[PDB]
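Take a look at this single chain, the form deposited in one PDB entry, given in structure tokens.
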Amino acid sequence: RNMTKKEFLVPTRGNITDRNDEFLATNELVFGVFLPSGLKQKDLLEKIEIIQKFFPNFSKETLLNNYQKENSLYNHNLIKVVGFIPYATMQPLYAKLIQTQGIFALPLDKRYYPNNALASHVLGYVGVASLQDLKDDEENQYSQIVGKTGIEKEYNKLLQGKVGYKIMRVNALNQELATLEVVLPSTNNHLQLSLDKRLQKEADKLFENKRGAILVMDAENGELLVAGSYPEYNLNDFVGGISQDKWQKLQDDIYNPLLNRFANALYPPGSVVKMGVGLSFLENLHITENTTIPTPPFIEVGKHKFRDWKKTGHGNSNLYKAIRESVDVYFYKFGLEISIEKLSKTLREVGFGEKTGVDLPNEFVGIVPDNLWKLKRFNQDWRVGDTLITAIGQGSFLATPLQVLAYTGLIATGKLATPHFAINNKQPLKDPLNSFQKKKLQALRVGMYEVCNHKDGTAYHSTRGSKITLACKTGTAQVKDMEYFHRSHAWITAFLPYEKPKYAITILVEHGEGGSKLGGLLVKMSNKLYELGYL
């Protein structure tokens, strides 16, 4: 009869690849010096002295501490004394370690992010299985390597793969005889993302001294070619546990590097909502895109005056012109005549209430403020003033850069893309619009066209020098003489090319102090897509 013996076959964690098969995330073969468990205190000391010689850069006692610790292996035996040893460091040591009978040196994997802080908020990082992680998915135990944030986390099961095992007949000498059973481990554990590494490096360059977020998206299927959040952080600093020094540096950086700003940060959309608001007017009222009304510097309604962004005012203006010139009063006036229940329905239909459905963990839904919402949070009534400030994307209105992006690609396309990173995530388009609404879209596009291309357009002086025709909408959100943190945030979203929309771009600079000021960044990205043949 005798007895048998089991051995797990643990697959290497899958690679993460760029659109064009560049490496974003991979593994590095490194070493580890191990001693057997359950050893005499006298002997253990003499072996640590031996291991001190080979690594004089570690202290005789820091190696005690490593012995009994919360580390270890997947095996019925062996304890890791020194870990993370570079291959090159092992080069003169391997043979010397082999000469000593009870000392083992074994190959280990260490995750590696070649580009460091590139797309750090997309890729995320892996860490040591928490005792709660082992509970979550029992199979996290064989590697003790699990995704903590972003894609590494969202696609952990895939990237990690499935263990196999191999059961074998053995003799007393505990040597291998017949294989009695084999179950093989999974193999194709790799993952391809839609990002383009060149386009993201451009994105980083553009936000070089700036905080905020930037997004490029194929508006026909929802692929994200760019997703920057600034500051990014260097994923490699987490791999072997984070140091007390670097954790302080990240936590106490006031610009908040750990914040994912395209999916886990909320900002007032500002004027960018205006074509969604206009679409509601046309739908619910008895008016048209050509309905022209007088647009003074401000209006009065009761006790208070609702002011337009520039002193001078904007003469007579229709829908096309109100979009073009980011005019406030057109929306103030028709906002008087629209119920917040119907406006909010249209805004929520164009994707501001809910998650876009991005393949990351914990996407934020916004707040499309309405009657019932103000009651549940503040217990205060819905005054007309609330309808009005909301009709220009401010007050209690919050969205994510993702929401604005999906929204912008709905306008341009007529259908709603689910943004995603995993190329093999076939996300069908969604059709949340009726007949009437789709027809009115062109009107809205022409407006966006005019923002960038008509000389009156808010974004004319800034978006010139573009190799393709652009269509945009600017925004500004309240929080030259103004100190940095008091400054309004800056939006600009846009689709391209105008003549047949395919891509959408959405940019947000924290304290960017005005939406038009971001046209110089939009062109540079739209040109990079031209330069690289996407257009």
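Numbering follows the first chain given and starts at 1. What we label the rigid core is the largest C-alpha set whose atoms superpose within 1.5 Å from one form to the other. Compared with the form deposited in another entry:
Just one of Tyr320, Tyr142, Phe207, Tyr332 moves its Cα by 2 Å or more between the two forms on a rigid core overlay, and this residue is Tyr142. Relative to the superposed core, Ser72 undergoes a C-alpha shift of no less than 2 Å between the two forms.
Once the cores line up, the CA of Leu259 ends up less than 2 angstroms apart between the two forms. Once both forms are overlaid on the rigid core, the distance between the two CA positions of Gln99 between the two forms is 2 angstroms or more.
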Contents of the next structure:
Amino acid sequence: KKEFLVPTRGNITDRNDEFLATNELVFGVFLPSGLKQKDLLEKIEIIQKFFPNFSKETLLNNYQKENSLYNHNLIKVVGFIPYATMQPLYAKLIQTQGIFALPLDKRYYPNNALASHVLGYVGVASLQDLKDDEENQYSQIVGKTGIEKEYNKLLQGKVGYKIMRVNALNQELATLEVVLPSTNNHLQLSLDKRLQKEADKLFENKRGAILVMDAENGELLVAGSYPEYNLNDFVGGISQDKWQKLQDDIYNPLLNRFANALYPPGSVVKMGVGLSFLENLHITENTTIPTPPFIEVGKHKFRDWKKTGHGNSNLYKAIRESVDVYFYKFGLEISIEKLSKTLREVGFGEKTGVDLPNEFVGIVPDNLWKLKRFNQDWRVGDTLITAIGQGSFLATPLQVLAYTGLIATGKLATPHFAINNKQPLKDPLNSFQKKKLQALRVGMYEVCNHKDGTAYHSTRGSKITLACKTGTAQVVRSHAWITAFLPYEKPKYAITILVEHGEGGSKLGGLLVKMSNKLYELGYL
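Swap state to the form deposited in another entry from the form deposited in one PDB entry:
No partners, no molecules, just the chain.
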């Protein structure tokens, strides 16, 4: 009756205990390391006769990896046999000289690509990891991206292993007992597997990102970066080829588009700019100015999204019909310092503070930044391009999401996955600003619900009342934003949707409606 230190790792579940990440128990077949080239092939022969399956080439190959996840110092793993298969042939395989069968509780992702950039994958700990370590983290198995890395310590458990017993008695079958577990390491995410699937359906041929947040605390119900990758491909430690084809896909599936990609926010920053206008200028939301197809400054002319122009327009209307010239005009009057302050406040400067390694911060172009990095001081027209969320203005979908959350509720939520991060709501806006958000919400409600709103024909057939804002980002065909909260009458959720080359905002409303309806259908509303 032999016992084994079986390497295991914690479970990752969705907000309803549905398994996002877990383990399956197998046997690894191992050979002694530093083995003679003549022995090796001979012992490989015996293994494939036991398990007529394994390709003589892939066993040799396996034995020769220099980044195996489960290798010992003096024995190397050549293959992964299911318990069903190993059971009958354990004893005779033990009996053969120089061959070992060791239980391994390896990673298994049941839903494959689902939430791949959220969950992330386990891998062999590298030399640059080890050389940089400041916490006596000497484990060969560690998380490499997303949650796996973020909570590696929690998920790895106390020592990284559990103790199992195998009884290949006089009997002809191997039983398997767990004598000591590795407990206190289940992690529970706020995701809803069911919603994440609807998100996966919505982006079936598309590229970009989608987030659905509880704006009262930060819980991310959905978080997709499309295209996703199939986490299982990384389980034994990624196949050198399988790695290539993930790196060479021109759609770039390794990138996290919701946390680690930048984009101009475009028209979506209009509420925030408008807030700055109200703070800093002798204006109310109801102040009405004329808004031709264009105005000019000196050398250049600044054009409205469409050439008809809009006639007269106040802030409600500007938001409603995404009027570029309103913002160009008052952009002339506002100070970039006072603008960029407003923008930073509502989130666009720094990180949202999400449970993922290396969240990206964007760029809020101000005047102290043009002088430092470049040389000339800030020109007036530069404000105007920033006022409509383009030029050197870059942001993540999370920043847009969090901004939307702030506009909806008055307080900045910290988007997170891990359910047990009490993430207290931050309050960056003052009483006057919170008061003035009221206008902005009505604005956003008009975009979705007033017949001239840009997303009116877009967002029809919605169970719950939506307040939304569409945008486009120019490319460094145009990226399309839609960002929203619901219900309008009493806001709880925020949704942010980015499609690369979706082009507009009145294709995306259909997606907002779809996800919004799937929420009501599953009783979140």
